[PDB]
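Structure first, commentary second.
The other protein chains are all here in position, but one chain of the complex has been omitted.
All chains are identified by letter, namely A, B, C and D, in their written order; residue positions are counted from 1 within each chain.
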Amino acid sequence: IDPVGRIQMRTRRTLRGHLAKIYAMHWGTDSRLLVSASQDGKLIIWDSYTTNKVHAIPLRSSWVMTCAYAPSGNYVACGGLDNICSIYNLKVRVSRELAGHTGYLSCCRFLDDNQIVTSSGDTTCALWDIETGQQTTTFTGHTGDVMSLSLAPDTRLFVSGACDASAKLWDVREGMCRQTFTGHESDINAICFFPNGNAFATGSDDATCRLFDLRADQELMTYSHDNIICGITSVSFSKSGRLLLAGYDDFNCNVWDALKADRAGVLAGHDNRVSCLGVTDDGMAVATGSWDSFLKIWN
Amino acid sequence: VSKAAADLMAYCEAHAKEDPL
Amino acid sequence: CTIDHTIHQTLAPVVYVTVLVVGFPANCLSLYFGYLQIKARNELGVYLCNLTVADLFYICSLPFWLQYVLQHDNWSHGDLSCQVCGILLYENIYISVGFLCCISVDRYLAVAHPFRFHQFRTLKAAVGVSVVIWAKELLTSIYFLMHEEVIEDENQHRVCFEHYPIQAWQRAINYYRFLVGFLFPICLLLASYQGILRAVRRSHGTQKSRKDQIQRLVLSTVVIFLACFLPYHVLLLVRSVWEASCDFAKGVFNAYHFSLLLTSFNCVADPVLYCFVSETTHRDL
Amino acid sequence: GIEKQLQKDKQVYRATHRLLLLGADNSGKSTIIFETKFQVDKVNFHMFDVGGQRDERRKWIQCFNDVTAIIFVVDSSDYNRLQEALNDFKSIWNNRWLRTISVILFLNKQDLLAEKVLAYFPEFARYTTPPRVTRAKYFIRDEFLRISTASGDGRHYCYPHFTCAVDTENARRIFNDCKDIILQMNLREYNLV
Partner (left out) sequence: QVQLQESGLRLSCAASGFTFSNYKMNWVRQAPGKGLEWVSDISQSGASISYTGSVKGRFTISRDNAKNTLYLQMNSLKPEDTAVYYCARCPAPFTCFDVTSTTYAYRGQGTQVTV
């Protein structure tokens, strides 16, 4: 096939309003407004075009591991070492709290205005009803702490990665495990869904990525190198699924080629670890945060 | 596995026209 | 009063040339690193950049004085050039001295009082003090530009910024210059660095390898400042006190001008002592 | 008016100091996730004790990468679990994310150790002090300090202390050791080293 070739991108905007390290970020469905979370107990909603802070929310607990943006744009969420999921209304008032987990909250994703899916470090996931504020289902297959999750485009399934070198697929309606994949040697840090919804990618501490196809039930590609001896903190796909972007602990992000599986680019502009990484809904820009307290937008 | 690979490449080539990156 | 100025021709041009070539690049590098410091919230970047700009201003003058020496101690431009160059040579060293004192005091506050004076050492204070320092430059520059009678001639070549014997106003200004621009800054530097060394040796978790390296660096900086600036002010004061005849002037000429040629090595020693020693620029450099 | 509030909160942020509290169940670290706040000489310290999680710490420990110091409490009167505490300290010391963080080590329960001595490790036979209670105290301290000095000499330092149950000077010690840590940082930051 025709290789992608060198992929050169440069920082367009830089967002500087956070005091501590960035731990998570998420984009809005409008492809303009994004929410980011910092360990200094602040939740800022930015404007990429102008870099103006639309909002700023002080959180009760300083250590937040994740944040989410409602697909309708009327709410947000976040959580961490407090073992709660806090949901804020954007009429900003704390509208609710979801408290059923036992370990720290690792990830969360809105299904609707009324439902949200969460994972915790107690090795379980759960589906909530926001109006009633109680769990509806639990998913209890994993053996190690769940680190990431990713909702399917139809919103009827999802995959989760755990600190056991394995992944699993769940039926939201049925609440039963469908499959299991074991290709890695150490903890899984990130997981993503391919645009078509029939695959996913995974980054681990053994310093490799791998691509799993649900129908074949086996790892297809293995994105590694002989000189990379660090783990992977985040992954993300592009609009077409042709470039896989992965952040590392070497302070740089690499732009892999999902099919040819040979690195095609690098984004070296952060002085510390690259923690979070997201791609816009309409595929126009890429945002990356780091432990340097700065957010950068690349095009 | 060949079928899955073929479908993945087909998708990637089919949606390559509108990928700004 | 005729003077034998052959010391200029023999010795001054080589000092001017070496200082210029060795110092322009070093000051450019130091300004670059200070700017990198400004990007973070560190205040020392403000003072480092101000000191480097003052050094560059001093360096800019040297071509005119070198040419003046090369054409047998004769000024061939207008009087305005003579006044500006004389100011930049003689009165521009005290801006560097003031900014050295600022850096020293900042380091003392940071090291000896870590949980205090957080408002004092903020960028706003840095810019305030820098403006207040350049205000004195402007004041003295105007004061000296008022004395248009700063150029004379004998044997049909014009001498800029020198009178043999010394004039009344030079005698008046030399006491103020000695006192304020030498004796108080040295007191400040010695006090601050004694405090820093006290705190560092009092330390608990710093290893004996560094506890001696820091002491070496502090002694080096103080000694180099002292060497560069002590003879000039001693000779300044001796001239201002005793010189009242042509014979005494032509006797001291060589020693006075030799001690004045030593003051031009500060612009070279400053980058070395204040930027390049830091390890952050060590690998980059 | 977001910018003014953010500037004010940034000014507030650097004024206070964070701490992490670590230890075992038998170590009386609670009397030395909960939040504690105290003040000495008008400087504010915030100490955090994490107890709502499972017994695997290799992932949520990374949240405390940029804390000022770590407080490690040891129950020195129990010879059985002393090797477990040594292994815990060795794991903490050599972590990649905690390589720049200084440890304040508290050897608690000194009265119990004295009582036990007056009433595992074979190298204690050929040991001499740098009286039995002094030898045991410094033997355990040196057991920890061998691990401390075996690596990471330049980057960070370990501050040891002997603590009893009725001790009231722990806050002063934390204040002084944090002052020294900050002095090291300022030394490295102002071109002095």
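Here is the rule we use: a contact is a pair of C-beta atoms (placed from the backbone, for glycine too) under 8 Å apart; a residue touches a chain by one contact, two chains touch by 3 or more.
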Given that one chain is not shown, which residue among A:205, A:213 or A:257 touches it?
A:205
In the whole complex, not just what's shown, which of A:187, A:257 or A:292 touches the removed chain?
A:187
Quick one: say which of D:1, D:51, D:122 or D:131 touches the chain that got left out.
D:122
Residue among D:5, D:87 or D:100 that touches the chain left out of view:
D:87
Using the document's contact rule, name the residues of chain D that touch the chain not shown here.
55-58, 61, 83-84, 87, 91, 94-96, 120-123
List every residue of chain A that touches the chain not included in the displayed model.
143-144, 163-165, 182, 185-187, 205-207, 229, 231
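In this section, only the chains that are shown with their structure count from here on.
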Centre to centre, by mean C-alpha position, how many angstrom separate chain B and chain D?
54
Using mean CA coordinates as chain centres, what's the chain A-chain B distance in Å?
23
Touching two or more other chains - residue numbers and ranges from chain D:
none
Can you list the chain A residues touching chain D in their complex?
17, 19-21, 39-40, 42, 53, 55-56, 63, 65, 80-83, 102-104, 121-122, 144-145, 147, 163, 187, 291
For a test of understanding, state which residues of chain D touch chain C in their complex under the given definition.
14-15, 41, 43, 102, 153-154, 157, 159, 179-184, 186-193
Chain B - residues contacting chain A, complex
1, 3-5, 7-9, 11-12, 15-16, 18-21
